[PDB]
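Peer 1: Listed below, chain by chain, are the residues.
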Amino acid sequence: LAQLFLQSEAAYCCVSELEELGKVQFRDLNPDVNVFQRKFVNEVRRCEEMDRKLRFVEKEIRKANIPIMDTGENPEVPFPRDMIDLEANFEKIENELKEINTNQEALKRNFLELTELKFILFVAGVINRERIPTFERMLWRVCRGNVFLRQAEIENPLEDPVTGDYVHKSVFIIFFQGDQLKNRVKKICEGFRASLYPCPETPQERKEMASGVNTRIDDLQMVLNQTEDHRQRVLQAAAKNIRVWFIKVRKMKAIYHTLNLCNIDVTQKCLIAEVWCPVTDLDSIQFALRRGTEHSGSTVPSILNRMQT
Amino acid sequence: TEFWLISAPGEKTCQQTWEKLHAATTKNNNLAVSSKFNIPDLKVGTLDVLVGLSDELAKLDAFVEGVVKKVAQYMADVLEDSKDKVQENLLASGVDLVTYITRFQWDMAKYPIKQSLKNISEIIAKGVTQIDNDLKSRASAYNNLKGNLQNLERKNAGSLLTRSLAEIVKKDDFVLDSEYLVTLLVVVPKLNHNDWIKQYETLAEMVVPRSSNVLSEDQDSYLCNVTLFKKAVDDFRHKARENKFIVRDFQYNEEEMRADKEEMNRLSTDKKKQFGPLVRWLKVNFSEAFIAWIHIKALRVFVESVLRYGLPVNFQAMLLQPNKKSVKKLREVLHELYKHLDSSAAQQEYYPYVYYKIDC
Amino acid sequence: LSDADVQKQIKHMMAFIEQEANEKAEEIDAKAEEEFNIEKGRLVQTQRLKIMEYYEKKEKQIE
Amino acid sequence: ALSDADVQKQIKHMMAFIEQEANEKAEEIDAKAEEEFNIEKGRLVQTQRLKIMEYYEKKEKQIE
Amino acid sequence: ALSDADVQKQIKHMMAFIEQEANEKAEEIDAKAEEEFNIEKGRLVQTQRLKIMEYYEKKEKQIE
Amino acid sequence: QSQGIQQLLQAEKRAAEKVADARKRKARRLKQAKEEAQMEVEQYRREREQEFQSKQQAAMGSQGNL
Amino acid sequence: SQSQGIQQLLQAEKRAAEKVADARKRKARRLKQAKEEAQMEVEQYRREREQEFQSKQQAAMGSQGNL
Amino acid sequence: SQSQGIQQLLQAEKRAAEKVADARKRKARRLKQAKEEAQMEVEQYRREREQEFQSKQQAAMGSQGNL
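Read top to bottom, the protein sequences are chains U, G, E, S, P, V, L and R. Residues in the first sequence are numbered consecutively from 9, following this note's numbering. Residues in the second sequence are numbered consecutively from 10, following this note's numbering. Residues in the third sequence are numbered consecutively from 139, following this note's numbering. Residues in the fourth sequence are numbered consecutively from 1201, following this note's numbering. Residues in the fifth sequence are numbered consecutively from 1201, following this note's numbering. Residues in the sixth sequence are numbered consecutively from 77, following this note's numbering. Residues in the seventh sequence are numbered consecutively from 1093, following this note's numbering. Residues in the eighth sequence are numbered consecutively from 1093, following this note's numbering.
Don't read these hints as lab results, they were simulated from the structure. It cannot be assumed that every hint is accurate.
Claimed, not checked - Simulated restraints on C-beta separations:
hint, chain 1, residue 1, chain 2, residue 2, range
1, E, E171, G, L320, 22 to 30 Å
2, L, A1120, G, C23, 46 to 54 Å
3, U, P141, G, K366, 42 to 50 Å
4, S, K1225, G, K282, 54 to 62 Å
Ideal Cβ positions, reconstructed from N, Cα and C, are used throughout, including at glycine.
Using the sequences plus the hints, can you model the full thing?
Peer 2: What follows is the structure, encoded as C-alpha cells:
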C-alpha cells in the first residue's frame, strides 16, 4: 500500500501509462466523496455524452451493414484535451446524419404523395381499396344512386406509402354540386382507407401544374439519392474513425475514473494515490513512471514512497 | 300497436296492388294491415337541402317522440285517459293511431302545404318546443301541489311521537288563560298506562287533585294531559323521563291549528281544481303532439323517399300493422318485392324501402 | 351493378340538378321583378320630391 | 288509589301558595308606593322651590 | 529500485519545485504591484500638477 | 278538571286582588305625595313673599333717607 | 357507358348555366326598362309642373297689373 | 516517511501563503507611499510654477511700464 504523490498533469500522463501497463491496483483515497465531490464529474460527463453520441451513430452505421473493419490505431491511445473538440466534430456528424434521415424521410413522404399525383393525373385517384365494396355502399347509404362513380385503376402500382408494398389500386371519384355531400364524403373518405384530397380539374392548366410538380419531385428524388450516397460515404469514413476513437475514448473514461479514485492535495495541485504491487512490478512501475512523466511536458519526478501498512 | 312506415318507388300504379293485393308480395300475404299515406304534394329544392332536411327531421322526430313520451308519462302519473297497463299509446285528435292512419293526411292546420320544407319543419318544431315548455310549466305546478299536499297529509299522520296534534287535541281539553297553571302532554307506554294515571301525581309538588285524564289512546302508547304549577314543569318532565314517558311541551293554539287545517284543505282544493283543467289541457295538447309526431315522420319518410329514389314523387307508401310472428315473413316479402327492382346498395342502414318504426 | 343502375344514378344526377336550376332561376326572376318595381319607385320618389322642392321655392319667390 | 284527604290537602296548599305569592307582591307594591310617594314629593318640591327662589332673587335685585 | 537516499533526493527535488513556483508567483505579484504603483502615481501627479497649473495660468491671464 | 279549575280560579282572584289593590294604593300615595309637597312649598312661597315685601319697604326707606 | 353519363350530366350542368345566365340577363333587361319608364313618368311630371308654372306666372302678372 | 514529506509540504505551502499575504501588505504600503510622494511632488510643482509666475510678472512689469 505504497503512496505516490505528484502533479495532476504528471498524474494524467502516469495514469495513461499505468493503465496500459496494467500492473497497478489503486486504492480509493476518499471513500466519503461522491463523483460530484471528486470533481472529475465534468470529464466523465463529457465522456458519457460523447460515448452515447458515438454509440448512437455506430448503431445507425451497424444498421446500414457497413464493412468498416476497425483494424487498429487503437493501441496508440492518446488523450489530449482536444478530444473535446474531436467529440464535437463527431457530434456534428450525428446531427447531420439525423437531420439527413429526418429530411430524407420527409422527402420520401413528399415523393410518395407526388407519386400519387402522377397517377392522379384521364385521372386515376388513389385508394387502398381494401374493402371498397363497403366504401361504395356507405356512399350510397348517405345518398344512393345520385351521381356517377367514375372508376380508374393504377397499372403496376408501386410500394404503398403506408403499407410499404405494391398492391393494385383503383378509385371511384365523384364530383358533387352540394356542399353537404362534399362534407359527408370527406368524413367518409377519412374513415375509409383512401387518399382523395385534391380537387379534380379538367382544365389544361392543372395538367400543366401536375406535369411541373411531377418533374420537380423527380429532381427531389435525385437529390435524395445523392444525399444518401454522401451519407453512406460519410458513415464509412466515420465508422473507421469512430470505432478507433471510440475505443480511445473508452480508455479516456477509464483514466478519468481512475483519476477520481485518489486524494487531492491542498499544498499543491497534486494527487496522492496508493497501489498494492509486488516489488517486481514496483521496479517496472518506477520505469513506467519515468516513461509516463516524460510523455507529460512537466516531467514531474512523481515520488512513490514504499509503505509497510 | 307498433306500425312500420315504408315507402316504395311507386313507379307503377300496380305497386299498390303489388303492395296490398297480390299475395306473393303483399305484406304477410295481404293479412297485415297496410294503408296509404295522404301526403300533400311538396317539393324539395336541392339535394343539399334534402340532406339537411333529412338530418334535421331525424333530430326533430326524436325530439318530438321524446316529448310525446314525456307528456304521456306525465298523464300516466295523473291517471287521466292513460295508465301503465292500458292506454299506453296516445290518441291522435282523440282517436287511436290505427284510426288516424286509416284517415291519415298531412295536416294544413299545423303547417300550410304551400310552405317550403324549411318553414314547415320549423313551424312544427316551434309547435312541439312550445308544447314541451307548456308541459314543463303545468307539470311543475302539479308536482308542486302534489308534494305539498302529501307533506301536509303526512304532517298530521303518524304515531303519537311525531303525528301532528291538530286532529287529536281539542280546545275542550285545556284550562285556557289560567293564572298559574301550565298544561304538559305525556305519552305513556301502554304497559305503564295505569301506572302513569297514578304515578304522575307524585312526579311534582303542587299538583291539582283529580285534574288528570286521558286525552287519546294509541296501540303502543296513550296521550294524556296534565295541568300543574308553572314552576313544576321542569320537575314533572324530569320525573316523567325517569319513568320512561315521553312528554311533549304543546301549547294549545286555536289559531295555528285552524290555520293549518285551512291551508291543508285549501291546497287540496286547489290541487284538484287545477288537476281537472290541467289534465284536460294536457290530454288535448298531447293528442296534438302525437299528431305532430305523425306528421313530422310522414315528412321524414317523404323526403327520404325522394332522396332514395329521385323524381317524380309518386311512391308506394304503406303503413303496415304486422301480424304476430310475421316479421320474418314480412321482411321476406318486402325484400323480394323491392330488392329486385333497385340495387344491392340498400336493416338499420340498408332497407329496400323507407321504413320507420311507430312505437304505440 | 348493371348499366341500368348506372343510368338510374345518372337520371337522378340530372334530375336534381335540373330541379335546383329551375327553382333558382324562378326565384331569380321573381325577385328581379320585385327589384324592378322597388328600384323604380325609389328613383321616382327621390327625384319627384326634389322637383317639387325646386318648384315650390320658385313659386314662393314668384308670389 | 289516593284518599280524599291526601289530594284535598295538596289542593289547599296549591291555593294558599298562590294567595301567599299575591300577598307578598301586594306588600312589595305598598313599599314601592311609599318610595314613589317620597321620590315624587322630593323632586316636585325642590323643583318648584328652586323656581321660587330664582324668582325672588331676581325680584330682589330689581327692588335693590 | 530506489534507496532512502534516492527517494529523499526526489522529495528534495519536489520541494525545490515548490520553491521555484513560490518565487515565480511572488515575482508576478510584485510586478503587478509595481504597475499599479506607477499607474496611480502618474494619474495623481498629472491631475494635481494641472490643477495648480490652471489656477496660476488663470491669474496670469488676468495679469495680461 | 272542575276541582282544579275552581281552585285556580279562586287563587287567581285573590292574587289579582292583592296586586291590583297595591297598585291602586301606589297611585293614591303618589297623588297624596304631590298634594302635601305642593302645600308645603306654597307655604314656603308665602313666607318668602312676606320677607320680600318687608325688604322692599325697608329698601325704599333707606334710599329715601340717603 | 361511363363516358355517356359524364357527357349527359355535363349537358345538364351546361343548360343550368345557360338558364341562370339568361335569367340574370332578363333581370338586367327589366331593370333598364324600369329606368326608362321611370324617367318617362318623371318627364311627364315635369311637363305638368312646367305648365302649372306657366299658368301661375301669367295669372300673377295679370292680377298684379290690375292692383 | 510519506507523512513527514506531506507535513513538510504543508509547511512549504504555509510559507507560500504567508509570502503572498505579505506581498499584498507591501502593495498596500506602497500605494500609501505613492499618495504621500504624489502630494510632495504637487507641492514642488506648485513651487516651480510659482517661481515662473513671479519671474514672468517682473518681466511683464518692466515691459508694461516701457514704450
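Peer 1: Run the structure past the numbered hints and jot down the numbers of the failing ones, going up.
Peer 2: Hint check: 3 fails alone, others pass.
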